[PDB]
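Student: What follows is the residue order along each chain.
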Amino acid sequence: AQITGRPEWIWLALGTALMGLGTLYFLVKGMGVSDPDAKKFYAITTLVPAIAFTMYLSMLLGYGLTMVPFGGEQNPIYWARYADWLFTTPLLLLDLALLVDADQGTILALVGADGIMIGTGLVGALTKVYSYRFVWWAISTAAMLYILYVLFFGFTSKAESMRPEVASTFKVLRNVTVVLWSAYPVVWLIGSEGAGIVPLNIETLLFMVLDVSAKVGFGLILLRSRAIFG
Amino acid sequence: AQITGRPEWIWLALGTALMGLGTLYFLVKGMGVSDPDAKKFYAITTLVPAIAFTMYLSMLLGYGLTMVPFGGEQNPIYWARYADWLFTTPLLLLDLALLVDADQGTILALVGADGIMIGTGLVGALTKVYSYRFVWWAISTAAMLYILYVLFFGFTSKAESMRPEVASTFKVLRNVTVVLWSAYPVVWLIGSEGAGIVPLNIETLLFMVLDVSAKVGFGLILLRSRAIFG
Amino acid sequence: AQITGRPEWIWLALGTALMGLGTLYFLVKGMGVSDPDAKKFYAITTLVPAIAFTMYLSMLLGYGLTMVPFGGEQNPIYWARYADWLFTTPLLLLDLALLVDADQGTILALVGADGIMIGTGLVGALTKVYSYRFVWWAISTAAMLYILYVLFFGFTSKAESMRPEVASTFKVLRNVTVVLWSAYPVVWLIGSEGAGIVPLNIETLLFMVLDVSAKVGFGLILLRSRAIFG
Ligand SMILES: *C/C=C(C)/C=C/C=C(C)/C=C/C1=C(C)CCCC1(C)C
Ligand SMILES: *C/C=C(C)/C=C/C=C(C)/C=C/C1=C(C)CCCC1(C)C
Ligand SMILES: *C/C=C(C)/C=C/C=C(C)/C=C/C1=C(C)CCCC1(C)C
Numbered sequence: 015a016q017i018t019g020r021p022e023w024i025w026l027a028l029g030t031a032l033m034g035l036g037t038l039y040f041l042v043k044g045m046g047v048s049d050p051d052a053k054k055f056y057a058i059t060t061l062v063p064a065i066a067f068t069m070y071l072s073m074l075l076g077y078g079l080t081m082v083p084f085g086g087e088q089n090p091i092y093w094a095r096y097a098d099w100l101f102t103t104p105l106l107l108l109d110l111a112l113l114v115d116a117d118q119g120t121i122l123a124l125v126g127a128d129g130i131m132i133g134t135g136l137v138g139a140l141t142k143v144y145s146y147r148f149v150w151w152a153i154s155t156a157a158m159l160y161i162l163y164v165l166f167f168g169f170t171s172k173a174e175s176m177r178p179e180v181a182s183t184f185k186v187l188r189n190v191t192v193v194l195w196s197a198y199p200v201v202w203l204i205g206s207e208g209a210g211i212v213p214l215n216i217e218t219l220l221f222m223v224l225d226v227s228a229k230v231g232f233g234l235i236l237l238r239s240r241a242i243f244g
Numbered sequence: 015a016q017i018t019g020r021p022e023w024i025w026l027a028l029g030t031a032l033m034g035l036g037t038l039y040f041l042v043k044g045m046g047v048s049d050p051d052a053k054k055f056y057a058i059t060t061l062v063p064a065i066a067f068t069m070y071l072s073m074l075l076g077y078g079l080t081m082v083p084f085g086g087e088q089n090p091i092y093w094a095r096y097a098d099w100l101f102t103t104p105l106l107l108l109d110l111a112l113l114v115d116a117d118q119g120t121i122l123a124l125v126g127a128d129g130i131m132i133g134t135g136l137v138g139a140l141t142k143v144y145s146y147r148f149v150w151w152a153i154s155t156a157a158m159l160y161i162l163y164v165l166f167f168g169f170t171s172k173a174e175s176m177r178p179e180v181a182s183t184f185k186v187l188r189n190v191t192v193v194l195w196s197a198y199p200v201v202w203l204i205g206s207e208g209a210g211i212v213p214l215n216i217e218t219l220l221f222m223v224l225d226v227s228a229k230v231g232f233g234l235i236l237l238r239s240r241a242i243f244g
Numbered sequence: 015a016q017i018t019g020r021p022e023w024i025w026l027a028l029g030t031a032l033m034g035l036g037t038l039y040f041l042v043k044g045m046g047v048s049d050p051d052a053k054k055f056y057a058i059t060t061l062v063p064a065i066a067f068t069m070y071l072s073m074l075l076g077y078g079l080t081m082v083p084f085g086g087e088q089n090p091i092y093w094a095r096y097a098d099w100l101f102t103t104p105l106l107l108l109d110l111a112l113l114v115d116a117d118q119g120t121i122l123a124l125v126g127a128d129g130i131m132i133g134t135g136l137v138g139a140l141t142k143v144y145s146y147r148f149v150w151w152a153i154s155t156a157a158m159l160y161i162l163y164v165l166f167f168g169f170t171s172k173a174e175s176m177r178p179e180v181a182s183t184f185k186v187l188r189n190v191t192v193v194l195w196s197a198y199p200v201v202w203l204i205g206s207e208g209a210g211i212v213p214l215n216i217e218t219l220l221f222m223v224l225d226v227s228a229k230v231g232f233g234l235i236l237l238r239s240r241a242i243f244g
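Chains as they are written, first to last, in full-length UniProt numbering: chain E, 15 to 244; chain H, 15 to 244; chain R, 15 to 244.
Extracted from the complex, chain E is given alone in its bound form:
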């Protein structure tokens, strides 16, 4: 065993306990419900932290870390996150979409949009030759800007519901979504092994807070909200 040495551990393990406990609680809240509309929402959320948990575990001890060398050294990146964020994200965006009640097409484009967002991101990470890395970085973030756009501009404009509650609750979700996410790109550029300005300890710290707050928080106000009645 070696779940020590690499300082980041404390941080990882933290994100872990939080994720697992979360999926567990939502797990309960869902139990038996004439909620099928909501039940749908529930299943989605529950799954989200679930994944984040498994991933975080691998990332902690064995899996998740490689040694992408760029610029002139051996960098330790945690690809694992690329996977977890990958599945977790299309699901999330889906949660919002349904909540507001969009349309296959709209959601469809949004899904593929994210897929390329993260996917490309990853490709950059492993890319080596830090210069090209940042290049791919540009592509990905661009995609991100597109999804955000459709979120407020598109969804809000639809966000009209007969129910003031549904309308408000959504607004909050779309907002928090915007802020937290934006952080993701920025942090990765200056931090992690790319610009190499922010140490790995703090880098893992920030990233972590982002995960728990986004998945667990978002999912919480959402389910607890009268949006998924019952």
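Hints may contain errors.
Think about it this way: if two alpha-carbon atoms lie no more than 27 Å apart in a straight line, the pair counts; the simulated DSSO-like pairs of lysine-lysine are [claimed, not checked]: (1) R:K54 - R:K185; (2) H:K185 - H:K54; (3) H:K43 - H:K54; (4) H:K54 - R:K54; (5) H:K54 - R:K172; (6) H:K43 - R:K172; (7) R:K185 - R:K172; (8) R:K54 - E:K54; (9) E:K54 - H:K185; (10) E:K54 - H:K54; (11) H:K172 - E:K43; (12) E:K54 - E:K185; (13) R:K54 - E:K172; (14) H:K185 - H:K172; (15) E:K172 - R:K43; (16) R:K54 - R:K172; (17) H:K54 - H:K172; (18) E:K185 - E:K172; (19) H:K172 - E:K54; (20) R:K185 - H:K54; (21) R:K54 - E:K185.
None of these hints come from the bench; they were simulated from the model.
Got chain E sorted already, so can you dock chains H and R with the ligands onto it with the hints?
Tutor: Just chains H and R with the ligands now, with coordinates in the frame of chain E:
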């Protein structure tokens, strides 16, 4: 060529001939049908053995085998199965769901559930350091228990249909599902390279019987059954 | 940087500028539309070239190339294409299906069909030992023949619509689909590193023309067509 040496070959090749021939027959049974409800079911099944076939081939000669070293040696695991079971399974569970006629949400959670079940399993396999291997092993099997639960408890409770036939046929499918699957976990722990108690020859034997019986058998009683009328 | 040496570059870079510019234009055409039926189609297309673009980039400079050694040497294959064609294709087939208006089941089988088509193809590429390579090659192409069959025979027979326009437009799409695709298999066998008869320069040339013409062309006549009204 080297489709010899490794004794398991005879077993693999066996699973192969069985898989291919199967997908072929179902292939026929489906041909032209005002069955679209059933036609749906058909397409699903047919696909299932199809995949199992391709995979089994790779696994036989070239692809499918690595050398995950743990405990203190070089172990020969057939990751290929991890892939085949991966796609095949979400499909299967889907076949049941529709047959009984559930609801997006329910099926949704079940899908992600399996995904994590197998996925995590794999991660364990490659993990190295046999101790941690078993750890991931625990996580996966847990997920399995969850899916089974929803199957009988949840589906059976719904399994109510106006048609006694549909109700019974299902019952049988859910049952065989339970038994065969349970075998999968157990066998992998004591057998394969983890506990290293069951030789690879017999390990490949048992696993094989499990595949053919599950995919081909399940699919057979199902289609042949009046459930997918026409 | 090394976006030179390997001659193919000029060709790759070409496919690139074409892909990106394409996704950009369709991007516009879609903008704001009471078209949701069509809007659906739009989103699909747009996504298609988008992917092709990102992939083509990686393939150009860093990602996309390995060194699968078979026959008796070190061969340079561009796996990247395997990925791009992978996602792009199920989407395309979906575009056709909806246009004509099929049924979940039919489309479903078609989707899994393609998945295995390309997937297996790839497996062959990396396979090593050129003999076995061609073997997998046979499997894949077979699958291809199946999809084509359902396309004209199945879809055309359904292609009946009340709208002569919809009926014709489709016909054209299914046709071009047939020809271009057939090229794909042939070229890869004689060309690329397998038979080693067609040089890599020309091999990249032909493959390229195939991509741009198929994705961009198909998508063009389609959207511009009154099929996706609005
Ligand atoms: C915990 C999972 C969440 C909600 C995922 C967040 C991450 C993003 C969608 C951000 C993606 C990135 C970019 C925009 C470009 C650079 C690389 C990434 C992956 C950090
Ligand atoms: C032929 C394909 C089938 C129906 C797949 C069966 C396998 C399972 C879903 C079992 C999964 C496992 C665990 C529960 C934990 C240990 C590792 C696995 C993959 C054997
Ligand atoms: C640009 C993307 C498109 C539409 C993809 C085209 C490729 C095919 C579906 C062809 C597949 C192949 C075979 C039939 C067997 C040999 C290997 C492939 C991948 C070239």
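Student: All hints are to be evaluated individually against the structure, with a verdict given for each.
Tutor: Status of the hints after comparison with the structure:
1. For a cut-off of 27 Å, the pair hint linking R:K54 to R:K185 stands: about 20 Å separates their Cα positions.
2. Restraint check: the Cα-Cα separation between H:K185 and H:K54 comes to about 20 Å, which is no more than 27 Å; the hinted pair holds.
3. Taking the CA atoms of H:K43 and H:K54, the gap is near 13 Å; set against the 27 Å cutoff, the hint holds.
4. For the suggested pair H:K54 and R:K54, the alpha carbons sit about 23 Å apart, so the restraint of at most 27 Å is met.
5. Between the alpha carbons of H:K54 and R:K172 the distance comes to roughly 17 Å, so the proposed pair stays at or under 27 Å and holds.
6. With a C-alpha separation of about 21 Å, the suggested pairing of H:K43 with R:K172 holds against the 27 Å cut-off.
7. With a C-alpha separation of about 11 Å, the suggested pair R:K185 and R:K172 falls inside the 27 Å cut-off, and the hint holds.
8. Pair hint R:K54 plus E:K54 holds up; C-alpha atoms about 23 Å apart against a cutoff of 27 Å.
9. For a cut-off of 27 Å, the pair hint linking E:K54 to H:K185 stands: about 25 Å separates their Cα positions.
10. Of the supplied pair hints, the one linking E:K54 and H:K54 holds, its CA atoms being roughly 23 Å apart against a limit of 27 Å.
11. Among the hinted pairs, H:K172 with E:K43 is consistent with the structure: their alpha-carbon atoms are about 21 Å apart, no more than 27 Å.
12. This hinted pair checks out: E:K54 and E:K185 have alpha carbons roughly 20 Å apart, not beyond 27 Å.
13. A C-alpha spacing of about 17 Å is found between R:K54 and E:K172, which places the hinted pair at or below 27 Å, so the restraint holds.
14. Pair hint H:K185 plus H:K172 holds up; C-alpha atoms about 11 Å apart against a cutoff of 27 Å.
15. With a CA separation close to 21 Å, the supplied pair E:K172 and R:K43 stays within the 27 Å bound.
16. Distance check on the hinted pair: R:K54 and R:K172 sit about 21 Å apart at the alpha-carbon level, within 27 Å; holds.
17. Note on H:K54 and H:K172: the hinted pairing holds, with a Cα-Cα distance of about 21 Å set against a maximum of 27 Å.
18. Note on E:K185 and E:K172: the hinted pairing holds, with a Cα-Cα distance of about 11 Å set against a maximum of 27 Å.
19. With a CA separation close to 17 Å, the supplied pair H:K172 and E:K54 stays within the 27 Å bound.
20. Proposed proximity of R:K185 and H:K54 is supported: the alpha carbons are some 25 Å apart, at most 27 Å.
21. Among the hinted pairs, R:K54 with E:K185 is consistent with the structure: their alpha-carbon atoms are about 25 Å apart, no more than 27 Å.
In summary, this structure violates none of the numbered hints.
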